[PDB]
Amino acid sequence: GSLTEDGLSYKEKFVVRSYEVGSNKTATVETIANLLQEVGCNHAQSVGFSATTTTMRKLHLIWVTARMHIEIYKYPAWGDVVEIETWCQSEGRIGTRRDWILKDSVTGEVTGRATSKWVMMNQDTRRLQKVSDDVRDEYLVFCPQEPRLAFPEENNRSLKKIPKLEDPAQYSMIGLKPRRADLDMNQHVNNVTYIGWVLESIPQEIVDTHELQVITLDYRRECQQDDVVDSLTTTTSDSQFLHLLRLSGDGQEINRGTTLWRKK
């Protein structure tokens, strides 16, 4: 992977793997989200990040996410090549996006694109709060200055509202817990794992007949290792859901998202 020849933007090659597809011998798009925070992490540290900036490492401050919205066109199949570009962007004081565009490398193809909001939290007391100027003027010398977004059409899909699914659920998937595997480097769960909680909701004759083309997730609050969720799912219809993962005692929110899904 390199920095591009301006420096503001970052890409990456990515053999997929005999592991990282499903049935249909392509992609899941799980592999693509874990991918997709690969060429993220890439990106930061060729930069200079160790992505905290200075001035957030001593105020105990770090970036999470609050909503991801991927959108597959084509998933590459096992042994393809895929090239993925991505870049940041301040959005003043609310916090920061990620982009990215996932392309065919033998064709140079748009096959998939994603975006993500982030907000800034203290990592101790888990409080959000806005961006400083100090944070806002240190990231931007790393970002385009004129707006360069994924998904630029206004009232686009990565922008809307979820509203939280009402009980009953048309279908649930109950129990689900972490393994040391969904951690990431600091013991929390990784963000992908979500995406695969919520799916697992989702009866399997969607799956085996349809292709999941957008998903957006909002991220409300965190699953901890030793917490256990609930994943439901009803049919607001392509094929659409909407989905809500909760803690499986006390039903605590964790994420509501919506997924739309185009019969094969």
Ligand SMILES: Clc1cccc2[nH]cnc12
Contents of the next structure:
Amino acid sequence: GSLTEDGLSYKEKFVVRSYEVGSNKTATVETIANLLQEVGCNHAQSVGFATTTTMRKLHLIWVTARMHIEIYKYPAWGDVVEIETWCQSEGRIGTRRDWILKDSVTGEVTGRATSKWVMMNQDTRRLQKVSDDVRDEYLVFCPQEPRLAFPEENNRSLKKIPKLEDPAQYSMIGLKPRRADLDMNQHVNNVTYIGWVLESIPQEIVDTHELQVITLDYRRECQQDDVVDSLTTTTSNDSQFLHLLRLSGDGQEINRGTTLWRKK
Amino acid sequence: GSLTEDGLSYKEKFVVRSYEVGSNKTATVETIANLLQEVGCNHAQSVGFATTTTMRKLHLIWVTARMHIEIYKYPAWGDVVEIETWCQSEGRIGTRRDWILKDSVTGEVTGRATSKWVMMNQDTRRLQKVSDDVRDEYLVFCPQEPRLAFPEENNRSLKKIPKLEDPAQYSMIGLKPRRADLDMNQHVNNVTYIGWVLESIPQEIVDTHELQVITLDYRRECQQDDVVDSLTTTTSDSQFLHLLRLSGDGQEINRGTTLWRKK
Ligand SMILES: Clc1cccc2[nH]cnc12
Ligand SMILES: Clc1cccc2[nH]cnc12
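With the form deposited without ligand KBU done, generate the form deposited with ligand KBU bound in the same format.
What follows is the whole complex; the chain from before opens it.
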């Protein structure tokens, strides 16, 4: 992978692996999400990081608040996908990382994603607005003119997500993370929550439809010793669902989301 | 990746990814196992396949009976690992696939693995000795002189594994596969069973030791709707005996052993 000529974005190519594909012999949305994470990490590494000198001193970290992915064509096993990523501040609220996925051969856009990140103290887990000293350290690595993966006016990435009310139409109960679900800091990988959301989609949908859009809000972290219930209700040729992940016991919310599926 | 000059083995390089590493910032044994599977698949693709024309007509498939992996150094995040793989028949019993892992920069061997595969009818799940017409179709893609990743006679890869007796010293119960654990044919990926075996190793061991050897026998498949219990007892460097079995009736799906060395 490499930073582009202007040094304000990063591009990397990936060959889709045999264990990365589903029943259609195309990459799953979890493989795509893992590739977005990888290109994000390689981008931070290329520019010197993803915490700054001031963030490490203050025990501050970036945490995902929302992930929004739209896939037009999932890459097939053996195909090469090219992914371009960049960051931009949104004032003191936080930062946005965007991605564009392309077919390496045709140059056609096959997907796009956006994520909203907030600053949080690693120890107290208390959120905070981005300081000016921290903001200044990041500004030189972001484009100054707005560059959005989702420029559209009434676009899906910014829609508010309601809370699913019991009884859910479908559920998957007792989901727990294993060591493979953890990252290098022993925290549950963000992509695991996407998998858990999709566990409560009925098999018939997975067999007849393809996942087009997924928007996920992250409210609370699942600890290594927590157990999760995944709930889904149909809200709708296109099927739409409302999703809720909550702790098995008291029902504390960890995530909420929506998916849009189109007939194959 | 590419077939080597003689066309009898296959080599491919991999850059270790951020989500592929554990707390030591080095690749997990499940990432290694996924990479072995990937290089095996690319090898079959490069030579025309993973079944032959005759196997497809008779509804026959290759299935793993045993996996044995030995890692000396796990590759760090961002490092390049080179893996070479080849196959060899073992008479009509089945076939063996071997692998050698190397540090791309130093050329030093960092790991090795061997697996034993048997032929099975995919519908009836009945085992079968290979035959002659099927054997002949494969022979031209294998070396003729023996080439073993574990040459030593009566080495760790060939040791018989006993059945763990209750009560187990440690256990992880209620393990179930999710869609990410399935392969392209909707069967549980073989690497998932490695993860499930390791779930019952105590955290203290994972924190103070590194996994050096893992041998796993595959007796029965976990179906998409099955629930598994992972059992472990210390038999000792630390060594453990492992058993995976269905949550209800306790039908055995896998047995194995691990060897761990102090960090
Ligand atoms: Cl990791 C990284 C690379 C470039 C720009 C960034 N802004 C916030 N984090 C960034
Ligand atoms: Cl897939 C594959 C490649 C080369 C040799 C083989 N023998 C059995 N299967 C093989």
